[PDB]
Amino acid sequence: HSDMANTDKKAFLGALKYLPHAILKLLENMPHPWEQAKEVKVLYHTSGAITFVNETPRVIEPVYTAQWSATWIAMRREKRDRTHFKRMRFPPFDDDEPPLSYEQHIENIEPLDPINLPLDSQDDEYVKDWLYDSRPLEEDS
Amino acid sequence: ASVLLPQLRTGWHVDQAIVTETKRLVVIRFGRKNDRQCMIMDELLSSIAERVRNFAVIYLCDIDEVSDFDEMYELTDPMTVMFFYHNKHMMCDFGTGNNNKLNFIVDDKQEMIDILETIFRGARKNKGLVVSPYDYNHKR
Amino acid sequence: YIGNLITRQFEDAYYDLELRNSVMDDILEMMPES
Numbered sequence: 146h147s148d149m150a155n156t157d158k159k160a161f162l163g164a165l166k167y168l169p170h171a172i173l174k175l176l177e178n179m180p181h182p183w184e185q186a187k188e189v190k191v192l193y194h195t196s197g198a199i200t201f202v203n204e205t206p207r208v209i210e211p212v213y214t215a216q217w218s219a220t221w222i223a224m225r226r227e228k229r230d231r232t233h234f235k236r237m238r239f240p241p242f243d244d245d246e247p248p249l250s251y252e253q254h255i256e257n258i259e260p261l262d263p264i265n266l267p268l269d270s271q272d273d274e275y276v277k278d279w280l281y282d283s284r285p286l287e288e289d290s
Numbered sequence: 002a003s004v005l006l007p008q009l010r011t012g013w014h015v016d017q018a019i020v021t022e023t024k025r026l027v028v029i030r031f032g033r034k035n036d037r038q039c040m041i042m043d044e045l046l047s048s049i050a051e052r053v054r055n056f057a058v059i060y061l062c063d064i065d066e067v068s069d070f071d072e073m074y075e076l077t078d079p080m081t082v083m084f085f086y087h088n089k090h091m092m093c094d095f096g097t098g099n100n101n102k103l104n105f106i107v108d109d110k111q112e113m114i115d116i117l118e119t120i121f122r123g124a125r126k127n128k129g130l131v132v133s134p135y136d137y138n139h140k141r
Numbered sequence: 725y726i727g728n729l730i731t732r733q734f735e751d752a753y754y755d756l757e758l759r760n761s762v763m764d765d766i767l768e769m770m771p772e773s
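Protein chains in written order, with the authors' numbering: chain A, 146 to 150, 155 to 290; chain B, 2 to 141; chain C, 725 to 735, 751 to 773.
Don't read these hints as lab results, they were simulated from the structure.
Everything hinted at is true.
Now the in silico label distances, taken between C-beta atoms and shown as ranges:
(1) 88/B with 245/A: 47 to 53 Å
(2) 16/B with 254/A: 56 to 62 Å
(3) 177/A with 768/C: 54 to 60 Å
(4) 175/A with 70/B: 38 to 44 Å
Capping the alpha-carbon separation at 20 Å, the derived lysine to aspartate or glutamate pairs in EDC-like fashion look like this:
(5) 89/B with 69/B
(6) 166/A with 735/C
(7) 187/A with 252/A
(8) 34/B with 764/C
(9) 110/B with 755/C
(10) 34/B with 757/C
(11) 158/A with 735/C
(12) 110/B with 751/C
(13) 140/B with 751/C
(14) 190/A with 204/A
(15) 110/B with 757/C
(16) 110/B with 136/B
(17) 159/A with 735/C
Beta carbons are placed, not taken as given, at the ideal position from N, Cα and C, and that holds for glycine.
Whole structure, please, built from the sequences with the hints as guidance.
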């Protein structure tokens with residue numbers, strides 16, 4: 146599609166009309182600080198137009214709450230620790246340029262420590278094995 | 002009015018009408034028969050037409066039935082009117098911004114006549130643009 | 725809005756006036772004579 150750069158077919162034209170919905174869907178299926186990377190199902194037009202997530206992200210409610218709490222705690226800890234915390238400049242990228250990335254992302258360094266607090270064995274026993282996970286876990290059993 | 006004004010069947014007809022009035026000015030109304038605004042415009046123009054008669058002429062176009070002239074307005078297509086003289090399109094600057102076509106209803110019969118008169122005058126002069134005596138800037 | 729954009733080739752006191760028109764039309768329908 147990129148190589149092609155202007156076609157203007159009918160199907161392609163049609164597909165576009167569902168773009169804001171697609172965007173919304175994408176926004177909804179955002180990865181959360183506990184997660185490393187959201188491996189998500191998708192729908193896509195044959196051109197490579199209108200790519201949108203078709204998974205609908207649902208959660209165990211109290212579990213979700215717990216996760217959120219944990220994240221909050223982690224954040225607090227971080228705040229306590231670091232002095233000159235780096236404010237992320239925005240917009241993040243070069244506006245004039247077109248800085249996308251796929252291949253690099255694919256063959257990138259290891260997904261570096263996402264936000265999740267340390268979990269002792271005595272107190273918080275039965276969750277730490279399945280807590281900070283995608284779906285999240287407690288998903289097969 | 003339906004019985005009062007003369008109505009057009011096809012794009013060719015419209016074009017002929019536009020061409021073949023040498024002396025008079027030609028107000029076409031491009032509009033969908035069953036609309037409120039369009040109806041109102043037609044009613045207004047019915048009154049005006051007889052008056053202005055010796056200088057202008059009024060015609061009607063069912064825009065759904067005759068789809069030739071979506072060149073005129075880029076498929077905006079509300080229930081509009083358009084002004085013609087020696088087969089030149091005649092440009093009537095109101096506030097509105099659409100200097101091409103009056104895409105809006107005016108209620109003062111006399112006012113309508115006056116604007117038509119103005120455009121006729123402009124056409125006679127040779128001018129393409131003409132500033133309306135009135136302002137508008139409400140009826141977008 | 726998007727749909728509209730793509731489909732760019734394809735698609751109070753007036754009451755009295757409406758009444759007048761409608762009635763006239765009806766009358767016309769009634770008498771489709773010579």
